[PDB]
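Left out: one protein chain. Kept in place: all the others.
We just call them A, B and C in the order they show up, numbering each chain from 1.
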């Protein structure tokens, strides 16, 4: 009951036409947990995350952060509200004129904070983010990673209860994203900071998120624990993103040769999803012996998401139509979700 | 077509001696697509320019179509550049011109009949599927559609060479596929030599016959794409052959991984496949024959220059007599078995 | 060169410096608020009025559209009304500041447009009041732009106080007008001109040396 966005809808009257950004979006982020909202470019990730802070006004709905209604509020009270919700962004939005020290200090000077308390507060957050070294530097000097730590430190300046991330590592590279995401996680785990997160990369969700919602055109299609979404994904669109966190490519020549209608001399290529219980079990070797079947494994990968192992396989199965149907049955029996992609 | 010989180039910027390229010599057979790959700052940008002499080599000699281009004059160097068409990363189109006229430009530079410039340009646009979009200006066009204009312009003069400077560096994988795919159908149809530089590897596999690998000034390999992908000579090439095969090795195993054998252990292996092998149901086959259990971790197969390729990591549960017999069998079948450690 | 002539140009150079800097100063005490309150009313901003903007923009465009000499001559009645005089140094510090303000506002608003908008968005996220973001974030980020606008401002105001010297503002503009147009003396005309180019190059050098002093 940390943050509760209920029925959030935002619409635009930008030109001669009215475009709909979000539809009855409802999400609840438990206190001390990390919630990621994932979606394609244009789904309303940006608008949604902005409704929490009320940089954007939801046409209709309810924004309840830390228990307090935010939608209807006095402008002098929204400022009192933002001292609990810091924000970080894709592009870093750091002031080019001020040192990393002053940059972290900036939200504090917005309240009439004493100069003596400020310096103590700033150094700790600079020591926390790993920039305690670079006290006297300007954003033009810092690398992408450095700059993002500053922005996080700055958001953590007001010692906020909730942290929002607007594609925060969408600009940083793979090597750096992980350390920022790990730093961002540690702050949550070590300090209990509630984090809301939007991204378009599923790699991001699985690395640090505890719950996850998949959004497509303003509507939420799958909404559940990270573990349940990475194992037993109920949406085809949801599968697309998961199958991307692991790099599972079907070689160009297969999808061309592969056809959904069964033909003479054909064998089924099927993709298998393993949930935690079956991921480490050598079931494809067992399946080879028991039912006298030959599996041509095209590609396969396993990973962890939400503290739960999972994995996916792409394979064509050779054998008798009776044998094939039998081993598939043994896989479904052993918590491996079998799904036939067609025949080749 | 293209024979760069012992060419060396060093910049003069700010009392710094950048070995842009160091003792570089490259030969390309007429009508064959040849690629050059390297890390940023390696010298491929400087190099591809050395072909049509947009950059002058401080040492060495360049001959295209047999004729040397360094020993030239300014007006004779233009006449020679009519045979070396070039395309660019940033698509470099005149926003003031239309698609048609933009392609007519290279023909305009050297005075040509209006009807002939219509005829010529009309061919090349309908060839790239832009015989339709004649009237559009580049502000309107797509990333790929602009590159199709760039291509159509490079061939306006009807050249013998088509140079590509990171042509798809800032392009969509679907329209990267299509562009590389378009360049390939051109190689075959016209006998056009393609020499291209890139930092992307996906492109090397996709369209190259041969490939060089250049670094810190000097190009250190030069084999078939196929041969280089399977059996890389330089540690540099190993890195490039690593980016293509998406081989995510789990983080969890390292704390669990041992350098030497332990009681109740199963070894962990790295299997590398080649050609027809990649499609053989080999792990289902060893599973029966030697009554061992492969818990399969990771697998990716990839066409890399006209040869199929594959790699996988597995545990192998079973007896020590069953294991050495299956591992031996796999090796007898041309699967490269490398043990990594134990779990 | 006369001995009275030397002690005269010195007063000219003084009257010239006094006019450009004071007018520049007043043009900013006015233009800077006009420019900031022009930026904050643009569509999508903190206080976007498509109606208020069109007005404040329409007047500056009109004033800015009026050639200075004409603006000054037409302002002569107001000048005498407010100064009590039409002739002099402090008489000219009126049409020169009114001449300067329309230019300053456009530049200030344009300088503020260099600031990347997410910086505004970031400010609000922290809980910044609309007045705070101006003095805390906007002016500081556009400071090199503004310091640069001021240089370019002072310089147009050198050319401006000069035109004033043909209609009685004094300064080096007067000395070049009397002794270069009406009655001609060679040493007198040339030293006026060379004093004016040096004054511009000094005003440019000083402005740049301050812009180069801000951290990238």
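Assume a contact is a pair of C-beta atoms (placed from the backbone, for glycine too) under 8 Å apart; a residue touches a chain by one contact, two chains touch by 3 or more.
Chemist: Tell me which residue among B:40, B:96, B:254 or B:263 touches the hidden chain in the full complex.
Modeler: Considering all chains, including the one not shown, the answer is B:96.
Chemist: From the list B:10, B:18, B:39 or B:54, pick the residue that touches the absent chain.
Modeler: Result: among the candidates, B:54 touches the missing chain.
Chemist: Using the touch rule from the top, list residues of subunit C that touch the missing partner.
Modeler: Output for subunit C: 62, 65-71, 73-74, 76-77, 158-159, 162-163, 165-167, 172-173, 176-177, 180-181, 184, 189-190, 192-193, 196-197, 200-201.
Chemist: By the contact criterion defined above, which parts of subunit B meet the unshown chain? Give residue numbers in ascending order.
Modeler: These residues of subunit B touch the chain that is not shown: 52, 54, 77-79, 81-82, 84-86, 88, 90, 92-97, 105-106, 108-110, 137, 139-140, 153, 157.
Quick note on the criterion: only the chains that are shown with their structure count from here on.
Chemist: Rounded to a whole Å, what is the gap between the Cα centroids of subunit A and subunit C?
Modeler: One centre to the other, that is 52 Å.
Chemist: What whole-number Å value describes the gap between the mean CA coordinates of subunit B and subunit C?
Modeler: Using C-alpha averages as centres, the distance is 58 Å.
Chemist: Which residues does subunit B have that touch at least 2 chains other than itself?
Modeler: Within subunit B, no residue contacts more than one other chain.
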